[PDB]
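One chain comes next, on its own, written as structure tokens: the form deposited in one PDB entry.
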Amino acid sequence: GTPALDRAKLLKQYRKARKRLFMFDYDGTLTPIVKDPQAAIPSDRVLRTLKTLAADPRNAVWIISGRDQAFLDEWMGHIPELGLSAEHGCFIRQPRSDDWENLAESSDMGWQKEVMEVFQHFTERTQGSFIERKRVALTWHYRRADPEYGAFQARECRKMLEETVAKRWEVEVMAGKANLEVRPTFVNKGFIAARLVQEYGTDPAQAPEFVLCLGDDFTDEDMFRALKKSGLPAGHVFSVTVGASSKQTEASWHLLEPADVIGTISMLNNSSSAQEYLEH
């Protein structure tokens, strides 16, 4: 478990830091979990909060999301300073750039040819199984197969992929409940988060003196893991899960709800020179 984010400590390091890095999951983190993805179109409040945070050039503000490129661009893309990572690391837009990079297309996806061949082989030999093909991930499904033989086939297929495909291309093999998935290593949010920190270079004095990383889910845990490996001073890094104190997490802190996340970012925004004046 974790204590709630110490907002006083956060604000103090924010003020002290000359360079700040923010990495936010979107759904479940900046906005509540909902059934209808359109109901999680950012409220005006969420958008104001992000726009104000990103306006300060001392801040590098990243949204790291499973959402489509078209969704992030439509609803948040008008804030030019936001860095956007969409579709599980497959599309990236740097702060202040109009250009999206297609990271899948920038990679060698020759592995897909071999994985399809292997999956097709096991499919023909495992009644009930089938292949799901997405842009970047390939998934072999076998829930409808005999449970024991399906599991056996999946163990055998996984071993084969690990000893061949995974040693030639930068991909990993995942096991879901009744599935096997192959996807690029760059899909992992920790990969995404480590890359962002290393972009600052190998010079300590050039590193950000403030990192706030927020996320609610299992994939976001990999961001927290990566930051624990960053080599940055502990008091400079705030890995924060969204969830209860009793939640087991790689984060060091929690905030209970997206409303608390927005409230926390608003507190940081209100330390601006302009806001401090208006406040008196």
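Numbering follows the first chain given and starts at 1. The term rigid core refers to the most C-alpha atoms you can superpose between the two forms while keeping them within 1.5 Å. First, how it differs from the form deposited in another entry.
Of the candidates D27, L72, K134, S107, only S107 lies at a hinge (point where C-alphas switch from fitting one rigid part better to fitting the other better) between the two forms. Two rigid parts account for the change between the two forms, and C-alpha superpositions put the rotation of the smaller relative to the larger at 16 degrees.
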Contents of the next structure:
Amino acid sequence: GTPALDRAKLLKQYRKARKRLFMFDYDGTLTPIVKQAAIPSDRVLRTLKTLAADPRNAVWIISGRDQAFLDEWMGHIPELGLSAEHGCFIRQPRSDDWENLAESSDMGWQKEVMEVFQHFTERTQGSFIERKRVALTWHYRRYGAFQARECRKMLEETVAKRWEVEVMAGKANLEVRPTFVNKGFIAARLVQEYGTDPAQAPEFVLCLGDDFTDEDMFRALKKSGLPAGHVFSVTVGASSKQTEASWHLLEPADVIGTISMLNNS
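Requested next: the structure of the form deposited in another entry (the form deposited in one PDB entry having been shown above).
Single chain only below; no partners, no other molecules.
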């Protein structure tokens, strides 16, 4: 559990900070979860535009949403940093260049993953491989769970040992993906971009998200080296929710309200 976000504490550090960093998950955080439906309201867009208008602020939207979604709904706010398709497409603040991070990355790890995946596929009836530009996935929905543990172990003693890649399990599913698709990696990278000089660090960081993928960002900020009172990791959810975050807000409405308070600092 966490205490409710201390809004006075937040506002005070915001006003004091000369550089500020915002990292926002989209779905469930800036807007409610719904069953292409979750388009951003005018209020959300206006609030983000006003926040990004301040050159002291670096404002990032970090989403698994398709690149076209973020581009169409938020691209017109030029100061926003956009991360789409789980970290696969990035648009820096004030850049009109979308970058494809897969084509920048050495994907040489895929061959060895395919080798390990073929080994287990030959020994696990009904299993099969799915190949993407970025992620390689071993499906066993059709013993699976045990084989997946064996496979996970083999990937760890080989592929993961020499490639910046991480192993992710699904319900009946083993996926292997570059570290750059991990939100914690993305958050760590955003902070590291300010350099190692402590006087050039952001003095205010607000990091918001609503589910397990966002827990990685909160964990990453614990390793940032930033002064405790400078970082606000906030989960969107119940007060009783176990989280790596330090604070909670109950609903996306409370998120937008909180940003609105800052906009009026």
